[PDB]
Structure formats: structure tokens, C-alpha cells
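Asks: The residues making up each chain are set out below.
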Amino acid sequence: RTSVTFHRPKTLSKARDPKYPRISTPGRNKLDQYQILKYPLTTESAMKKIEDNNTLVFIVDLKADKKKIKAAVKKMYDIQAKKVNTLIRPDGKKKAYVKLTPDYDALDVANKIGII
Amino acid sequence: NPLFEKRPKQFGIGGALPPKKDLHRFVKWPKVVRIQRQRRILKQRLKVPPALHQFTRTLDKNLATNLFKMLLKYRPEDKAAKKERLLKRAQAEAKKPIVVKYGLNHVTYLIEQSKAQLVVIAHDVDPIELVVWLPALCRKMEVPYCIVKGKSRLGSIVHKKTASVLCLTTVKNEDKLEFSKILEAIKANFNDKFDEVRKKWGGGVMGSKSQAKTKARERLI
Amino acid sequence: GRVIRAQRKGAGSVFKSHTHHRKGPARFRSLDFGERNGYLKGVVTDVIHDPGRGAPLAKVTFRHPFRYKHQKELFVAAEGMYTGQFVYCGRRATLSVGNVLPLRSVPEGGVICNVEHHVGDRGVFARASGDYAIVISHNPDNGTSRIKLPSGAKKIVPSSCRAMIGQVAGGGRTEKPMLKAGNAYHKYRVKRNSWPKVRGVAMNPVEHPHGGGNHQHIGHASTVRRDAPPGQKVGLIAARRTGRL
RNA sequence: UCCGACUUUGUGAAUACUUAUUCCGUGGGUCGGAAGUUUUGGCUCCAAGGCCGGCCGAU
RNA sequence: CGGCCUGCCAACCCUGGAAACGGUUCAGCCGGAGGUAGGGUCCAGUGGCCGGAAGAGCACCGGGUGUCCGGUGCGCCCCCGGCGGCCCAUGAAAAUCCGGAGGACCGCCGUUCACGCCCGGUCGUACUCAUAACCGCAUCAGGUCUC
RNA sequence: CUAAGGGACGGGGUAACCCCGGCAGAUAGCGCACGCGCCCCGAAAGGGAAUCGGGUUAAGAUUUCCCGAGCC
Ligand SMILES: [K+]
Ligand SMILES: [K+]
Ligand SMILES: [K+]
Ligand SMILES: [K+]
Ligand SMILES: [K+]
Ligand SMILES: [K+]
Ligand SMILES: [K+]
Ligand SMILES: [Mg+2]
Ligand SMILES: [Mg+2]
Ligand SMILES: [Mg+2]
Ligand SMILES: [Mg+2]
Ligand SMILES: [Mg+2]
Ligand SMILES: [Mg+2]
Ligand SMILES: [Mg+2]
Ligand SMILES: [Mg+2]
Ligand SMILES: [Mg+2]
Ligand SMILES: [Mg+2]
Ligand SMILES: [Mg+2]
Ligand SMILES: [Mg+2]
Ligand SMILES: [Mg+2]
Ligand SMILES: [Mg+2]
Numbered sequence: 037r038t039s040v041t042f043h044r045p046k047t048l049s050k051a052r053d054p055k056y057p058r059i060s061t062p063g064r065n066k067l068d069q070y071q072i073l074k075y076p077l078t079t080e081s082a083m084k085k086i087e088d089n090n091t092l093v094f095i096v097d098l099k100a101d102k103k104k105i106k107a108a109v110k111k112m113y114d115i116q117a118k119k120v121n122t123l124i125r126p127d128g129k130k131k132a133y134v135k136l137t138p139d140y141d142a143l144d145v146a147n148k149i150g151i152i
Numbered sequence: 022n023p024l025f026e027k028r029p030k031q032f033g034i035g036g037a038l039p040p041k042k043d044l045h046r047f048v049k050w051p052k053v054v055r056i057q058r059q060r061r062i063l064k065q066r067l068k069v070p071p072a073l074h075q076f077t078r079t080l081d082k083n084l085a086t087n088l089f090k091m092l093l094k095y096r097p098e099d100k101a102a103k104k105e106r107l108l109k110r111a112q113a114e122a123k124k125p126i127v128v129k130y131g132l133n134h135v136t137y138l139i140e141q142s143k144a145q146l147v148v149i150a151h152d153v154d155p156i157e158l159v160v161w162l163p164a165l166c167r168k169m170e171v172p173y174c175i176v177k178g179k180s181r182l183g184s185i186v187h188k189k190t191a192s193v194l195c196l197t198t199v200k201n202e203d204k205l206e207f208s209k210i211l212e213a214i215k216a217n218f219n220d221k222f223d224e225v226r227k228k229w230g231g232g233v234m235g236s237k238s239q240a241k242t243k244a245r246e247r248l249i
Numbered sequence: 002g003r004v005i006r007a008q009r010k011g012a013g014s015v016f017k018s019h020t021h022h023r024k025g026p027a028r029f030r031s032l033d034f035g036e037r038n039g040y041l042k043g044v045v046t047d048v049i050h051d052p053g054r055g056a057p058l059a060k061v062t063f064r065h066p067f068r069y070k071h072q073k074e075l076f077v078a079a080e081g082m083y084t085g086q087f088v089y090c091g092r093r094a095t096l097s098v099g100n101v102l103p104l105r106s107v108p109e110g111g112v113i114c115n116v117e118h119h120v121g122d123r124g125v126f127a128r129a130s131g132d133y134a135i136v137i138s139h140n141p142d143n144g145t146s147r148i149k150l151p152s153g154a155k156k157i158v159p160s161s162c163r164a165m166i167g168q169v170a171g172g173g174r175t176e177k178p179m180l181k182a183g184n185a186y187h188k189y190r191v192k193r194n195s196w197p198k199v200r201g202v203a204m205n206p207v208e209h210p211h212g213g214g215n216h217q218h219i220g221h222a223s224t225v226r227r228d229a230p231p232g233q234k235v236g237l238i239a240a241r242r243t244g245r246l
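Protein chains in written order, with PDB author numbering: chain CX, 37 to 152; chain CG, 22 to 114, 122 to 249; chain CA, 2 to 246.
Read the hints as simulated data drawn from the structure, not as lab findings.
Among the hints, a few may not be true.
Said to hold, decoys possible - Calculated cross-link-like contacts (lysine-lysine; reagent style BS3-like; alpha-carbon spacing at most 25 Å):
#1 CA/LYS42 to CA/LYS73
#2 CX/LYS46 to CG/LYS90
#3 CX/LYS46 to CX/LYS74
#4 CA/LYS70 to CG/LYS41
#5 CG/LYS42 to CA/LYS70
#6 CX/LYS46 to CX/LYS84
#7 CG/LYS177 to CG/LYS90
#8 CX/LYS46 to CG/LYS52
#9 CA/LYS42 to CG/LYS49
#10 CA/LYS73 to CG/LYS41
#11 CX/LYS131 to CX/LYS118
#12 CG/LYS129 to CG/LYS188
#13 CG/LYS30 to CA/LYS70
#14 CG/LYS200 to CG/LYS68
#15 CG/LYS41 to CX/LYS46
#16 CX/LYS46 to CG/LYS129
#17 CA/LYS42 to CG/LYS41
#18 CG/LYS221 to CG/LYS64
#19 CG/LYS30 to CA/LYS42
#20 CG/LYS143 to CG/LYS200
Kindly produce the complete structure, drawing on both the sequences and the hints.
Replies: Given below as C-alpha cells:
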């Protein structure tokens, strides 16, 4: 005992291997792409962003962060987002500014969706 | 090789830093270790009444190893052996066994019934009031008894832990002479001395430092 | 009535000491084997000011006796100590100002400061600026020593108690007139909430035993029993005499 | 708050003891018995060496 | 933001050796514990030139022209530097970052270098800040911290 | 991130609500088997990774959008 100080010794601890699962339902992704992308904005200010900055405006879930948004637009419309700017509006909803990469034309995407 | 050389270090008060030492006696132990060590010291310092001090006198090592090697002959059957004996009887569809008796209530009953031929008492029954009266009862009933070290040793014989008392009522005819020689030695101690034993207190031993500093004061006279 | 000001200080609410800019407790290094049997050299690195303390403190660095580490100490500085000076602590330390010695090693008449009351106390006596204790006599049978405290009282201490050689630095501080309420305000700003004292005769009876009256006067003897309850024990407490001799 | 009784509260000599209790110190770091570093404001740890993982060096 | 230059006031280095003392500030003060002098190192800048960058912005003329040269200061605001004074007053801490002492260990393996590749979450962000967006029952001569 | 300060494991008190943090309790872990070992909250004026110029709206951006140029 070269130390005059006693320390608690290191003891083995096993991991949890339960005899039954506490949850048996698999657990389903309730924040899927349809919850993330609710609907696009069609205001006059929102329509200007389409042809001026290659940008689509969406109303998004409050629980959706920027990473889920760009993954959602890719799985919904097969387009690539260059960047996503988000805000929470004074009405309490979340609004996303989705700028598409060059070689994606938001006006063509806007025509396919139906907002134009 | 001339390159090799000694590089001694002088370990003074303001000298080289000392190497790792044992430092065992200066270790600050957990509270559980400190309480059990102080409990041993307190029992040494406090005057121990004779009825408790008598458990300090234990069976001799030579006698104890003789008695236990004989107590091993009369071990009760283990759980598997009892199961096997049940099956063997069931195949026919026995004999009176000679085994050690144990359990404080059962041993106490045998002694008052005058059937105990030898009583073995453990020296470390933690509630000491369980067996503190036992040497008096065995001596009153004229029963040879001894105090041996280890309740866990007594427990091992009966396939338990901490038997705390063992009783022999019967011995085999192959062991009558050996059991009798054992019996007289256990009677010479523990039974014929019980009367003189009932007056010895023996519990006032001080610490080594306290002893050394009284010897000096005694030598200064 | 209401709780008097003397009683309210024990709650320690606004009467706690002002210690936000203090440099740490000033005291000897913990007694150990090297000090008990030999000497240990440290070097003074700084002489610093401690708010609320009249005496300067000395920062001293030792080498740890068994760990590869530095050991930094801070105690009250004796007068004459200086930076870059070697100080020695222990049984075999030389009788020089700034050294820390057991009382057994200090002859009769020596001037000492920061004197321990119990062995390993790290210094309890004669710590204020300009103060010191005097070694009066030694008893080898009981292993005790007699010292004279700054108040004049004789005291019996174990001969193994440690003291620093010399007197505390910063003496003469209270000979200078303060001259100003503002100088007193700054002095107590770094000590405690105590300075501006209102006379008890200037109060109402609800606040003080001296309060009230159509003239400012105590109206009863200002000497008070030693066993008076708090709130009643004001004025001169358990005084054997009064007046100016 | 002072003061007395009981309790905590024990042991042995013609006042002593120490383990209860109380207080102080330490990162519980050289305690008891025996045997055999004053240097100048510098650095100092994790052993060289010897002998068979082991012992001395480090009673 | 990047490169080169410059290099204040202090601080530091090398040579040398000072009374008939000298150097020096508005004030101080400094020198055989090495001054004056000579020659250098570093430090900071919100300093200079180039890149950025004239392609911008601005002012004119109907695409075009120009965007230049000096002077001054007990001036005002901000920041910095370096001295002096004052205290029975001596005027936070931690995260974070950098440097160093040592050298166990290690060779086709080391590399705090340049260039090159990818990524960067959540919440706030409008407006008033007051003789009308705050409190005083009000669109109240009051009150309410700043640049 | 820490400041004055606040809460709080164990322990102590308390009929319980609750009141006490230095009273030290095997302190619950950290590097490379081996080695070491003296909780959180609390500042949009304290400390602190890194951005600039120009343009743009009815309403934004006194550095978030656009252009260009950097940085961590
Ligand atoms: K009251
Ligand atoms: K006050
Ligand atoms: K007064
Ligand atoms: K009065
Ligand atoms: K904004
Ligand atoms: K108003
Ligand atoms: K902050
Ligand atoms: Mg945002
Ligand atoms: Mg009045
Ligand atoms: Mg009154
Ligand atoms: Mg020059
Ligand atoms: Mg340019
Ligand atoms: Mg132009
Ligand atoms: Mg201004
Ligand atoms: Mg190195
Ligand atoms: Mg923290
Ligand atoms: Mg605090
Ligand atoms: Mg609790
Ligand atoms: Mg915080
Ligand atoms: Mg800040
Ligand atoms: Mg605006």
C-alpha cells in the first residue's frame, strides 16, 4: 500500500440483458418526410425567391432541424438543397428557405409541385 | 565496461526524494475497517468477566486436529447423498445412523436429556449470549465439552456455515478406544477446571506504546 | 422592543466579514517529519499586502519532502524579511529572524511571533502588525514553556510549539491620526459592516436600553452583569472598575 | 444563563491509568522499542549499482 | 483579410570605459550594478505601399469624364504609450490559449510546413424604447440604464 | 467559464413539512494490464473561436438575403 490514501477498488459490472423487452412495439418514425414538409408558401414574397434566388419556401414541423429538411426535400422532390435557412414565424409555425444547388431550377420544381 | 557507473542517492531530510515505501500502517482505511479494528482493541482494554473470558481458552491444536479428523467420520449426509438414499429405499419398495448432532436448540435439548457424550462449542458466536451459558450447563449436567476455534469450521462438518455447536451422542465400536482417549483430555481441561475458571477475569491488556512507557516509569524507580 | 444591533450581528447577514480580495489564510506549513527532526529551506518570493490586515504577508516556496512538486506557503511576515531570502523551518533551524523554530530551541528572552498554542496549530499568537511574544522560561520536566503575550498575560505552551523569530512587520500603524471619517470608511470597507456607530442614547427605547428620554442620558448604570441576556448586555460588561485612573 | 443531583461512567493505588467522551492536525507520509540538506532568488520524480522474477541499495 | 516596408515611447544586445562629472523631462530621473557615444535586436500601429480595387461607390456630361495636391493645432471624441502621484483603501476568478524543464520510447518513419478535400446543430432577430408602443387606472407636463 | 451567491449526494437534526456543506464518507473517476487520484446552477454590461465592403424590400439584413472577398 504505497499510498496512505484508500481508493475504492475497480469492480466488474455487467451490461443489461433483460429477460423480456420493456417495449415490444418497433417504434415508427412519426417525424417522416410528410410531417417535415407540410406545404410550400405561395405568398408574393415567397414566389419572388423562386426566380431570384432558386429558393423554395416551405412550412415545416417545429421539431425538424436543418439536416432533416434537406434530407426531406431530397426524398420528396429528388432535388439537392445548397443550404437551408429556417425561422419561427410570429404565428408559431416554422418556415424554411431552401436554396437549390445550381443545375436545379426552382421554377421547374415549382411547376411540378403545382404552386405556379 | 567503463561507461557503467554507480549513481548513489543520499536520502536525507533535504536530500533525494525517497523511493516508494510500504506505508501500510499509516493507511487511512474505510470506516468499516476502522470500526472492526477498534472493536478488537476495546475488547482487549476492557475488563472481561470470567463467563466471557473462558471462551479465550480454546482446545489445543493437537487435540483439535484429532477431534476434527474424528468428527469428519460422522458427518451428516449431503443433499445428493440423502437423495440417493431415498432412491435406494424406493427401489426395494434401513439402519440407525451415527452422525454428529448440531443446532443450538437440538444440542441444548440433548444435554438436558443426558444424551450428549461430547459438546463442541464455537468460540466466535457473534451474539455471545447464545452460548455464554453453555459451558455452565454442560458442567452442571456432567457432560464433557470443549471450546474450539471457528464456527465456520463447525459449519463445514455439517454442510452448513457457522454451526456454532456440535454434539456427539453415539460413537462407533471401531472408535470406542479413540473416542475415550479424546474424552479424557477434554475432561481434564474445560470441566475439572471450570470451578477455578469461574474466577479469572483477564481483560486489561494495554497497548504496546502504553506498555513501553510504563516499563520506563517502572525502571525510573 | 425590537432586536438590538448587537444581537443582529450573530445572524451574519450583512455583518459577515469582507473577504473577496484576501490572499488566503496566513499560517505555518503543516508540521511533518522534516520539521519535527531537522530543517527545511524555503525561499521568499513576494512580500504582499493583504486587505484588512495591517501586517504584510510573505510568499514562500518549499520543495515537497517526498513528492516531485513545489510547495507554496504564506504566513505573516516578520520585520526584516525580504524577497530572495532563505528561510528555514524545523528543529535544527538557526535562531535568525524569519526562521520557524520549536520553542524548545529558542532561549530565554527571545522575540517570537505567530506562536502555536497546540503542536501543529500553524500559529495562533502574536499575529497582528508590530506584535510579538517573549520567551520567559523553560520547564524540561513537563516539557512546557512560558511566554508573554502582547496583552501582558503569561501563557504556558508545549515546548514543541512553533514560532517565527522576530516581531511582526508593519509596526507603528496606529500612531498616525486618521483625521477623516473617509479614512475610517476605507479602513472598515475591507473588514466588516461596523464603522459608523450610532450611540445608544441617540436611539428610541424600542431599539436600545439607552434609548429614550427628554435628554440624552442612560438613566441607569452602564455597568452590566456578566450573565445578562442578549439584548440587555450593553454598555460596560462585567467591569471591575470604571473611570480614568 | 449559572449552580447541584442522577445518567453518559470505566479501571487501580495509598492519586495514577486509558479504551468511553471531548478537542486539534494530516492528500491519516517515518509513531513506539531496539540496533547501527545553512548553500549564491539554479535543477532535484519514474535508481544507478551489486548479488541470486527475487534480495540489498532503502536496518 | 494577405505580403513587403517602417519601426514611435519603453525594454534588450555588442564595443568601450566616464570628475573639469556628464546625459536628460513640462515634471521626473539615469550612470563603474557600466553613462554619454557608436552600432544593432525586439515591441505596436486605428502607420506607408501593393494585392482586395475600381470592375465598387460618389459627383457631373450625354455610353464618356473625374475621383488630385498641400498646410495647420494647449482644438473636440476614441484608443494606445510612457512617466508621476495616492492609500491604516493596494483595487476578481475560472474556462481557454501559448511557452518551457525533462527525455523514458522510437527509424523508412517523423513532420506545429504549403497546397488540396468534406462538414458546420438548436433558440432569439419585426417594431417602440418614450411629452403616444414601458410603469404611473389614460395617447398623464411625473418616473425609467446607455452609445 | 467562473463572481457575490444558490441548490444539493452521504452524514447530522427534525413527528413530519423541512433545516444544515465541511462535517470527510470505499467520492462514484482520469492516462496509456500499468500508472495517477489533494456535483450542478449563477452575468444578452465581467472573461470569451472566427467577417468584411458594396447591393437589395411595402415592411429585413444598423454584419442573417444577393455579389464579391476572407476567416474559425
Ligand atoms: K422582539
Ligand atoms: K455601515
Ligand atoms: K456615534
Ligand atoms: K435613556
Ligand atoms: K434583426
Ligand atoms: K410618455
Ligand atoms: K456573457
Ligand atoms: Mg436562426
Ligand atoms: Mg430621536
Ligand atoms: Mg428596552
Ligand atoms: Mg547609442
Ligand atoms: Mg488596391
Ligand atoms: Mg467608377
Ligand atoms: Mg463622448
Ligand atoms: Mg526539450
Ligand atoms: Mg462548470
Ligand atoms: Mg462561490
Ligand atoms: Mg438530507
Ligand atoms: Mg453557467
Ligand atoms: Mg460579455
Ligand atoms: Mg429595419
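Asks: Now, for every hint given, state plainly whether the structure supports it.
Replies: Results for each hint:
1. CA/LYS42 to CA/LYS73: holds (12 Å)
2. CX/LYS46 to CG/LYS90: Violated: CX/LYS46 and CG/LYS90 sit about 41 Å apart, past 25 Å.
3. CX/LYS46 to CX/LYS74: violated (53 Å)
4. CA/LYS70 to CG/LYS41: holds (16 Å)
5. CG/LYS42 to CA/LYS70: Judged against 25 Å, a Cα distance of about 18 Å means the pair holds.
6. CX/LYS46 to CX/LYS84: With a Cα-Cα distance of about 66 Å, the restraint between CX/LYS46 and CX/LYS84 is violated, given a limit of 25 Å.
7. CG/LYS177 to CG/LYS90: holds (15 Å)
8. CX/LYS46 to CG/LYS52: holds (18 Å)
9. CA/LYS42 to CG/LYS49: violated (29 Å)
10. CA/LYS73 to CG/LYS41: Holds. CA/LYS73 to CG/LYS41 sits at ~24 Å (cutoff 25 Å).
11. CX/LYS131 to CX/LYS118: Roughly 17 Å between the alpha carbons, so the hint for CX/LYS131 and CX/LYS118 holds.
12. CG/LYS129 to CG/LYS188: holds (13 Å)
13. CG/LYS30 to CA/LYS70: holds (18 Å)
14. CG/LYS200 to CG/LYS68: Violated, at about 44 Å.
15. CG/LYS41 to CX/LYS46: holds (22 Å)
16. CX/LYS46 to CG/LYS129: violated (43 Å)
17. CA/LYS42 to CG/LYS41: At roughly 23 Å apart (the allowed maximum being 25 Å), CG/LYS41 and CA/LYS42 satisfy the hint.
18. CG/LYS221 to CG/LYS64: Between CG/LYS221 and CG/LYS64 the Cα gap is close to 24 Å, so the pair holds against 25 Å.
19. CG/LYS30 to CA/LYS42: holds (19 Å)
20. CG/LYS143 to CG/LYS200: At roughly 15 Å apart (the allowed maximum being 25 Å), CG/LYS200 and CG/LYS143 satisfy the hint.
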